[PDB]
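Below you'll find only one chain, the form deposited in one PDB entry, shown as structure tokens.
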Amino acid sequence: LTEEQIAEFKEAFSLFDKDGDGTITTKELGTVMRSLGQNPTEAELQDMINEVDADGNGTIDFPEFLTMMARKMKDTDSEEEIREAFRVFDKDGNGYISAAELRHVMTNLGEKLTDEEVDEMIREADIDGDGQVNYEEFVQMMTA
């Protein structure tokens, strides 16, 4: 249902294209951000456009917005999947996965590990050496 898909993307684009000329400029991007409680500098506004402007003409057109929007979507889907799985491991939602927590989910996965085996797993991902795995350390282990 691309047709319906493009429609939703067109809708998003129009929010930024304040004057409707078919392009988004630094100033238009600027008014959108400011309405969000963010007052970026012209320098920051230029870096944002630079990242998305494939033909280097200085503005973003629909096709350029579409391709970036897409790639961004895919990525937002990744993050929320990993964040979901983090919540399942962090049985007490304290923000960190302990040895005991990791060992209990592992048994549920069909792997009966000893405390020493779980401790080794934690150690491998434990960057701040606090004996637990935080989200940052979890994504590192996940992705990498």
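Positions refer to the first chain, counted from 1. What changes on going to the form deposited in another entry:
The hinge between the rigid parts that move between these two forms is at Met73; the other choices in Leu102, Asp119, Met73, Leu113 are more than 12 positions from any hinge.
Rotation of the smaller rigid part against the larger between these two forms, from C-alpha superpositions: 147 degrees.
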The other form holds:
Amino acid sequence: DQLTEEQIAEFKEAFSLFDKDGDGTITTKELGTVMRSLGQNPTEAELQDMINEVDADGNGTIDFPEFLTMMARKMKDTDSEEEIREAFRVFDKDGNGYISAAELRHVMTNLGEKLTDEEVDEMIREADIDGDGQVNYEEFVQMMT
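Can you return the structure of this protein in the form deposited in another entry rather than the form deposited in one PDB entry?
This part shows the chain on its own.
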């Protein structure tokens, strides 16, 4: 089938979270910044190894079609569940088990991202299956699939 404009917009927003300077490519330095904000501490060589798996043309960076190719592979690492829980803990800064729009705003400002209130509210709505206005652990996990 064909992607909708909403699906293209969602892929574009996800790419922009890594592409901090907006030049259309994701570098090892930009990938490292995101991973550190989600509780990880990869070395530069490990970041290069991760990019190399996705980088098809071999120019050291990830472009939009390479990013989409990555998503279409449904690839996973051995400690995926631990990394997803670690990332979940980062967002839920008040320890109540729900990620609020305020807590998502906190992680985005720490990452150096500039997002409007409508963009933050749409990200919550995108993941909020039960409709309580916040993202619980199961919704945060389901979002990854």
